[PDB]
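Quick heads-up: it's one chain on its own, the form deposited in one PDB entry, in structure tokens.
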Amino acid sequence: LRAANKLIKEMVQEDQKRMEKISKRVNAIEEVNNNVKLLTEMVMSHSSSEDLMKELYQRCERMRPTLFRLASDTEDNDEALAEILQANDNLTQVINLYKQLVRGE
């Protein structure tokens, strides 16, 4: 009995572990896409809203440990990992466009 229920609580605990991960992936990716879209537009038009652009930059930069951490927690989901690396790549590109611009290119 302490054997069976041990196993159900096992399947249940790991099921919700997949659930939290998916939920964390969604929330992280959606934050990156919004931050990326907005910063990109600003850089586009500025090539003023210095504080506003720098503001978006900080929000982007704070997404670095989030993405690294998650990527670093993908078991055998190469497809999931690719999507997280894709999102990280975009975060790096906007940050570079912004820093470039703030250093006169």
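Only residues modelled in both forms are compared. Numbering follows the first chain given and starts at 1. Take the two forms, find the largest set of C-alpha atoms that superpose within 1.5 Å, and that set is the rigid core. What changes on going to the form deposited in another entry:
- Looking at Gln13, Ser23, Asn96, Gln86 after a core superposition between these two forms, you find that only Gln13 has a C-alpha shift of 2 Å or more.
- Residues present in both forms were compared between these two forms after fitting on the core; the only consecutive run of three or more with every C-alpha moved by 2 angstroms or more is 1-15.
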Second form
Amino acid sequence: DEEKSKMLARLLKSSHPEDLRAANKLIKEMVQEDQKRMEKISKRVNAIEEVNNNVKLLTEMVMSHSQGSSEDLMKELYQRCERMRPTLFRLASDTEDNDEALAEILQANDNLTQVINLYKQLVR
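May I ask for the structure of the form deposited in another entry now, the form deposited in one PDB entry having been displayed?
The following holds one chain only.
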């Protein structure tokens, strides 16, 4: 990260023999990497984002409904949570190279399961 960096800026400012050939090859590499690294983070974030929101929302509703046509936007929301358990689990699986991310996906999932059940605690 910092070594590949110093290395690069070294290969750049210098003659042609190796320097350019290498400098480029190394530029091409990084680019291709930053590409996948990007798409990954992007997926994880939206996923967690989508989850925290649904939880919060459906949580509030199950609260205002614990006393008094929402009983159908509350169900519909709930089933959405169910189908997320999958993607979440499937996500934690590819996140085997970053425990800070993996932990977030996990806690994300805790909230998800916590509310999917709390809803069921009333319907059931």
